[PDB]
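**Student:** Given next are the chains, with one letter for each unit.
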Amino acid sequence: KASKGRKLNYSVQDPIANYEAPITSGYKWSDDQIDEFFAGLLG
Amino acid sequence: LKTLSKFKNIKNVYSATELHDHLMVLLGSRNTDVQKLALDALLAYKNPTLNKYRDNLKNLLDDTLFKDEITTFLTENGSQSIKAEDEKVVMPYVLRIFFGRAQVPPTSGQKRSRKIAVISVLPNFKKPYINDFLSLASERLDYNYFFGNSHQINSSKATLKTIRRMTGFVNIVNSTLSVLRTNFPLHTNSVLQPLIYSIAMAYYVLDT
Amino acid sequence: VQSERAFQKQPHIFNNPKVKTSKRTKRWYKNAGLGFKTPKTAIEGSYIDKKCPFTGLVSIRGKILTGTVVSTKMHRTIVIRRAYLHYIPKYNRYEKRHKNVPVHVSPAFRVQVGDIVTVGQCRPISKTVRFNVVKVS
Amino acid sequence: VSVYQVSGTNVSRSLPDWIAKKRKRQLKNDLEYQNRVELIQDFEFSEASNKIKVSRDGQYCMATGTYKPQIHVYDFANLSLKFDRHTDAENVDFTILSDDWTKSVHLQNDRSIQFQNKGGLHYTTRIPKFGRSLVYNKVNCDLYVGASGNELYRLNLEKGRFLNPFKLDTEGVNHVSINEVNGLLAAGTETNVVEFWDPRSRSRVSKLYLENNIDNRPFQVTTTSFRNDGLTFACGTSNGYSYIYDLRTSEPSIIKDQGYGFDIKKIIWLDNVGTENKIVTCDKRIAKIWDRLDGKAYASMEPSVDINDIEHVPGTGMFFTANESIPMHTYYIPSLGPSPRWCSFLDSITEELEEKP
Amino acid sequence: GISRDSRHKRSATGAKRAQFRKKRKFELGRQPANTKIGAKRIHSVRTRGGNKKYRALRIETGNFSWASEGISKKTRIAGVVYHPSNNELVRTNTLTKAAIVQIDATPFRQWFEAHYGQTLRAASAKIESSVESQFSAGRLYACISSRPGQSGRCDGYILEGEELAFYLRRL
Amino acid sequence: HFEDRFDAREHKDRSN
Amino acid sequence: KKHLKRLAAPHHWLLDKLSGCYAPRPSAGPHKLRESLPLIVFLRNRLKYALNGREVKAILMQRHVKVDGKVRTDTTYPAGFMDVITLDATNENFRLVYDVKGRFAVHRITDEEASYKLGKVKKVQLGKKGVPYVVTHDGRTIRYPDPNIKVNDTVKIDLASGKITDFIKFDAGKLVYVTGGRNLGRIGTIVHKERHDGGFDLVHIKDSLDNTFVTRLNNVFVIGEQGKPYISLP
Amino acid sequence: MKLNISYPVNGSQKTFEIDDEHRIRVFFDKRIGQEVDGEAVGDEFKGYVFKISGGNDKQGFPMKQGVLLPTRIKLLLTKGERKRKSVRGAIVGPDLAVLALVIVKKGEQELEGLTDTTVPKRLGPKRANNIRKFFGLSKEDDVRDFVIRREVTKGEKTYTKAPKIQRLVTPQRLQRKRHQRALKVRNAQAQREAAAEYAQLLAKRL
RNA sequence: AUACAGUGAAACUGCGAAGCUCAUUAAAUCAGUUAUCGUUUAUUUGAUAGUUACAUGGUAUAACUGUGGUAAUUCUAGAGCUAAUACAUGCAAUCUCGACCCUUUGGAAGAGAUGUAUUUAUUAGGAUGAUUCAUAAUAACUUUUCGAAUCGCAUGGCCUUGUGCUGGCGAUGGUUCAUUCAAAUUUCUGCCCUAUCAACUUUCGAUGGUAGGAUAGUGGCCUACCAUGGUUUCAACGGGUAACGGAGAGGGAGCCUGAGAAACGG
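Residue numbers (PDB author numbering), protein chains in the order written: chain NN, 457 to 499; chain SP, 832 to 1039; chain LD, 7 to 143; chain LV, 11 to 367; chain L8, 2 to 121, 146 to 196; chain NC, 223 to 238; chain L4, 6 to 239; chain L6, 1 to 79, 90 to 216.
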């Protein structure tokens, strides 16, 4: 089952580490605004 | 005829109808180049049903796309098949085209296969239209005098040319019989009496 | 027989549904030669095995070996063990060794753990299987 | 409205393109061959194209092919193919991580994710089950791959580990999309439901049941797309019906029928073009442009060959379509917007252009 | 990238083998030609020697054989219904040998009318009930026996008898 | 197993 | 590879090991490399007619040499077992037969003997259009063979027409030539054929001195009946 | 700047340098394939039409078709091997050192160096049917008497020289065809004899 | 030599281009031997294709003539030529059953029959120990293959004097099979110390089955499902070594040719 990758493996993979860096700016709308709008998502 | 096709107003020439009749014959000519030319002058005549399916008629005359065109264009219930209202106008051209392809001799494997393709599309046709195709091949054969008289053979008609035309007819009917078989449409004028007429020619020719 | 997603059939062997001359489906079989009698269960069996020496598309050629069955747990193949006395010249004395060979077994043969099987070499069936069971005892 | 086909096969739908290449050497005397113009050199795949995407920078483009399964990158500034690179397997979904072509991630049909750097292939990673869609979250740099099974896999690109997979109520993820404004992820499930997922946490904000009164047949969510406004949300169904939803309300504001009953392969939001109330819905045969508010039909895209994907060059009236033909088709609508910078003098040749209706 | 060498694999006793040498092209392997329904697209690929192979990337036509009555007609392919190996090919309608597809019953229908003179002598015209139902529906089930990815052809044969029943239960 | 291979050393003379 | 050292050259050619750096490689042809005698070796080192490769080229270019009744101009043409070499200028006819030691011996033959050769039937099978044919040890494909001819039989081929004049079945009591192994070149009568299916078939052969030896079937060539060989032996 | 004007009916060509910028400006913004009136170029060119065919820049690189730019670009071109080389756009601009023009129609006045002069064809027909087309020969007429000959004088020696016609009907071709047909017939007859002998042998055996 | 005919630059075609320097590896290198009924194979060699023509087109250009740009290259655009074994197109026979048993070798009414290549389906089934092997037949399929529009030397035999019919020796081409040159996998055997190296494997296949993808083909080689297997104290696995007693051409990634190279070529 683990063989051939049929099972997800949660170990580190070195080549993919630090391929990209997160953007610290984040979403344009503030976190509280996003939380509010999801709570009302689709009524 | 290349000059004929580029005539701006072909329908208004001195003699358009009987010119159209002769063009219809050239459309049935064995030489595909004549058919390409003959169609172009026929297309010069303005008819909306023709213009809708002009490309399909051209593709049939093209040798490379002849096979794929038949499977897509002439298959009944096909998406690209002719509409019921447009069948009457388009098919007369269809029959002469494939009649010309059938005339092409089978001197090669490629040429042989195109005769099976030509004869295999008849079941798609509706029965009188199949009868029309048989009637077209029998137009060249002159048999009315034979049955008109007391089944007597004219010496002038007895020639190598006449037998060659009959050999072409019988081969076409045999291929049609193999494909249609019980669904073959049999009519006295179209097939049977040219068929009987030809047997009379063979006996007369062999004995005389 | 039809315990797989695909339909199991002997390739190029046809049973005509219309003619229905015989209830039994037409079965193709061959004798492998080498004086190995083709068993009757293979002739009148219903199994489909592409690697069977009598009904499959495999030919027995090359070495013929004999061994003792050691494992029969996997599907349509077994593991046999062959032992011998290898000579050491420096001491001039023999030492026992053994080797394990995986061999394909057709379903026409019933093999347990401990019996003696004569096997025939054939084309590579799998990663490790190069032989095919041809006689059980 | 005038729509011009700058590049693409100009033969009948029945006639194949390989016959046109046969006919090519016979027609070389024809003046049309000399007169016709190509925009990007080598802008064709050997048999067919699956997809097309354009760089955010706006000077580079990227595509893939059927055989040899390949990845063409085209330089707009240079009007030529930058390079050609094959792939071991055919490509299903990709996104361009970097602004330029340097970094990209492909979802192949062999269940393998491959990361392609500028030098070449960096690493290939294999997900547990087959994937149909792939999207990147720029904020978290987490790569999300829709899957045949219910689970939606999470690969975080910073830390280089497969994280816990989001579990969906229904099996089969056709398309996934992430809203830049909100981060909301809408997953297009096989059943007639769209599940909206929370990025920072792992929760279902809500799941929306699409309803069609006209047809009782079952339909499959094929595509999902978010607007830069953060509120309007678009859905594509397998029956050729495109729904635009205001995310706050459950009911659909507008329902449009493409008319051919084919799956909607992609939906593109034409906000940047100007006259923002515009939207493109792409089917196998037509890519149609219409306005979000009235539903009126402005421009209809009718290529001679089936469309696999369509892409809009930002800020311009140019559309790039991946088709089944040798030459992919690129289209220009002057009314929508000006021609791109690199296509500076495309305008001078509009009269000579085909100007198909 | 695709290679056919057995060196990269693990041993029978099981030592993780080390790379002997760089990949050679005489164990070369090529990508899967995912044939699919639609307008014919075939590519010519040069193989070892002067031999040539045809890569049917796209195909909507095939020469399918009615084995019982012993004919073979060229027919349109409707779509893939069942493939024993993997269901994703069915979902993607990938065309491969052993895939169960749906084919044109029109030419077979006309042929039957011509040869037996009966809609769909009488005893010969009799056929299996399930296939009659298939013609009445207008869609015929068939199994592909050719390899589109090597020969460029999608030839096949009509399912009948035990095979037809087995696949019907699988469907 | 019998090789059945001709060898040069046996045939050539070793008298010297 | 394409170059051959003299030290690596076949032993049976008799070639001295120190004559030069390199030896002739037989070209592609009827016989295997290890079982063929190139015309350069035959003409220069056995016949002594030529003194280096260049006179050999001159001779072959004069078309004075015929192999199996046809002119050969290739310096390294692979002449082999049961091959007839005709030199009309010298009125000489040779047949290549191994001696007891195992080397080609330049055996002179009469014109009638040169007119025919013997080929061991390697294969009997029907080609296209249902035409039976036989492949012999020298690669000759002869169509419409006699039905009784089978594998391991020997066919007498007329060089001028390339047709089978007669044949010998492989059976006990037949006279046999050894074409391989340590017993190479020996002649004797068959005693018994030890058949190992799926393996190399072994044949027991008794010489005129009543000594018996065993050899693989692939090294067996029937040449006639006991006391009545179809060829003049060396 | 320089205009290399070619008038092909005669095959003539000549270069004209135009110092004033008015002409060069009326040439600006056109495309290789567009036609420009000669009267705008000058009264000497009054009534002429020029088709723009290409040109080279101040840096020496040519103009190429298919590219609609006024500025340099490096394109991947083939001379299968493809190299990336710098080329100019098909758009006429002030960066062009020379433009090539083709006279589509003649104007009222005759050019001294182009219209008033002619250059003959270098070579004549070689294939027999090409000769027949060039002289309109009937099928009965033999091309052999209509072969174009050129006179060569070396010192005091002089002689006429003519080409080898190709695809010409000659006795040796007929002989070769007849020999091939006879060889095929002979091979078939020999095969039939062999089959008959084999059948007789089988009859004897049975 | 009144089509050219000797020699022949240039160009288009055809064929062939397949020593050094670093690292190191225990029967996984190499040597012997088996099998390919599991494969490709230029070339050599033997066989092998009766299914407008007194010879078609540029749907063609090089070399070549001439006009120019550039500091400039095995950098170059415009105009005008001309050819093929280059590129395309393409063409009144034979064999059986044989009444009459007419003549008794014999003629003969009438009936009939008649390429090759790929793929699928179906029927019959001399060769080997063994085959669904070989071959043949039927129904179709195919970006349906091929089945001399070629060249050199000689000018014979006939007559129906037309340059009428019929032709000798070679070269270059072409389908299939076999042979030969090779290549690729593959069966078994083959002198170091070793437990102070006892577990190794499934560690993105480990053992096997079914089906599929690809190869020149067999085969987890890879892919979809299924079983939890395989080696080992008779030494698996690991470690050391007088195991000189396999790699690359500035560094990695990728592509192209050809019979044969992942090419010291591009």
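Hints in this document: simulated from the structure, not taken from any laboratory.
Be aware that one or more of the hints could be misleading.
From chain LD, some residues computed to sit far from chain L8 (all C-beta separations above 12 Å) [said to hold, decoys possible]:
1. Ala12
2. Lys15
3. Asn21
4. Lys24
5. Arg87
6. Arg88
7. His104
8. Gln118
DSBU-like cross-link-like pairs, simulated, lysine-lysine; straight-line CA separation at most 35 Å [claimed, not checked]:
9. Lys46 (chain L6) with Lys136 (chain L6)
10. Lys946 (chain SP) with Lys24 (chain LD)
11. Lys837 (chain SP) with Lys38 (chain LV)
Backbone N, C-alpha and C fix where the C-beta goes; we use that ideal spot for every residue, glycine too.
**Student:** Now tell me, hint by hint, if it's right for this structure.
**Tutor:** Going through the hints against the structure:
1. The claim that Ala12 (chain LD) is not at the interface with chain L8 is violated, since a C-beta of that chain comes within 12 Å of its own (minimum 4 Å).
2. Against the 12 Å criterion, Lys15 (chain LD) falls within the reach of chain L8, whose nearest CB is about 7 Å from its own CB.
3. With a least beta-carbon separation of about 7 Å from chain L8, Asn21 (chain LD) fails to lie farther than 12 Å from that chain, contradicting its non-interface assignment.
4. Against the 12 Å criterion, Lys24 (chain LD) falls within the reach of chain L8, whose nearest CB is about 5 Å from its own CB.
5. For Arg87 (chain LD), the non-interface assignment is confirmed: its Cβ lies about 15 Å from the closest Cβ of chain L8, beyond the 12 Å cut-off.
6. The non-interface label for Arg88 (chain LD) is consistent with chain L8: the shortest C-beta to C-beta separation is roughly 15 Å, beyond 12 Å.
7. Remark: the non-interface label on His104 (chain LD) is consistent with the geometry, its nearest Cβ contact in chain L8 lying 14 Å away (cut-off 12 Å).
8. With a least beta-carbon separation of about 25 Å from chain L8, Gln118 (chain LD) lies farther than 12 Å from that chain, consistent with its non-interface assignment.
9. For the suggested pair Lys46 (chain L6) and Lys136 (chain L6), the alpha carbons sit about 41 Å apart, so the restraint of at most 35 Å is broken.
10. Between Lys946 (chain SP) and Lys24 (chain LD) the alpha-carbon distance is near 32 Å, which keeps this suggested pair within the 35 Å criterion.
11. For the hint linking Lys837 (chain SP) to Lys38 (chain LV), the alpha-carbon distance of about 23 Å falls within 35 Å, and the restraint holds.
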